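Q: What follows is each chain in one-letter form.
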Amino acid sequence: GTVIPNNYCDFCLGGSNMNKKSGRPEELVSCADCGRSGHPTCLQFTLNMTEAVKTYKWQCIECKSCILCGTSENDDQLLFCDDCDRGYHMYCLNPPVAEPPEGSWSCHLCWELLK
Amino acid sequence: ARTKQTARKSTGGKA
Ligand SMILES: [Zn+2]
Ligand SMILES: [Zn+2]
Ligand SMILES: [Zn+2]
Ligand SMILES: [Zn+2]
Numbered sequence: 254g255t256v257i258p259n260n261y262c263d264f265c266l267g268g269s270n271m272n273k274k275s276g277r278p279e280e281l282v283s284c285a286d287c288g289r290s291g292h293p294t295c296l297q298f299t300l301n302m303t304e305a306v307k308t309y310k311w312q313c314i315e316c317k318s319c320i321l322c323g324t325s326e327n328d329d330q331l332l333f334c335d336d337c338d339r340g341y342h343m344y345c346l347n348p349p350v351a352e353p354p355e356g357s358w359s360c361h362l363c364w365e366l367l368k
Numbered sequence: 002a003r004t005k006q007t008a009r010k011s012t013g014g015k016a
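Chains A and B supply the protein sequences, listed in that same order. Quick note: the first sequence uses full-length UniProt numbering, first residue 254, plus one each step. Quick note: the second sequence uses full-length UniProt numbering, first residue 2, plus one each step.
Calculated from the structure, these hints are not laboratory results. No residue lacks a Cβ here, since even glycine has one placed at the ideal position from N, Cα and C. One or more hints might be untrue.
[To be verified] With the C-beta cut set under 7 Å, the calculated list includes, among others, these residues of chain A facing chain B:
#: 1; residue: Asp263
#: 2; residue: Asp328
#: 3; residue: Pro354
Using the sequences and the hints given, assemble the complete structure.
A: Written out as C-alpha cells, the structure is:
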C-alpha cells in the first residue's frame, strides 16, 4: 500500500542517527502496517527481541493482529511473545490459555526455532 | 506475560 516508515521515533522523536533518550545513534524499527517507528530501546525491547522483530513484518502495539486468526479483537487476550513480539490470542492457542502467565511467555514459532 | 492491553499500559510514552 501507501506505507512509508516514519523516520522518527514515536517515543523520543529522534531519528536513527540519534535516540534522544539514550543520546546514541540507534536504528528505528517500523510497523509493517502503519509505518510508526520506534527505537528498540524506546520500545523497551531486549537485544534479542530487537533482532527478531527485524526478521518479519513486525506490527506496533496498535496494529498487532493475531498470527493464528488474523484479527485485532480482544486486546486483553492478545498475548505478545517475549522472544519475537508476535501476537496470539489466548483462545487461539491450543490448549487455549485462561490467564496471561507470570513472567515470560513465548510462542510456538520461537519454541521451534530456539530450543 | 504481556498482552496488548498490558503493553499499552506500560508503554505510555508512545505517541
Ligand atoms: Zn526513541
Ligand atoms: Zn502500526
Ligand atoms: Zn487469534
Ligand atoms: Zn515468538
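Q: When the structure is checked against the list of hints, which entries are broken? Sort them ascending.
A: When the structure is compared with the hints, none of them turns out to be violated.
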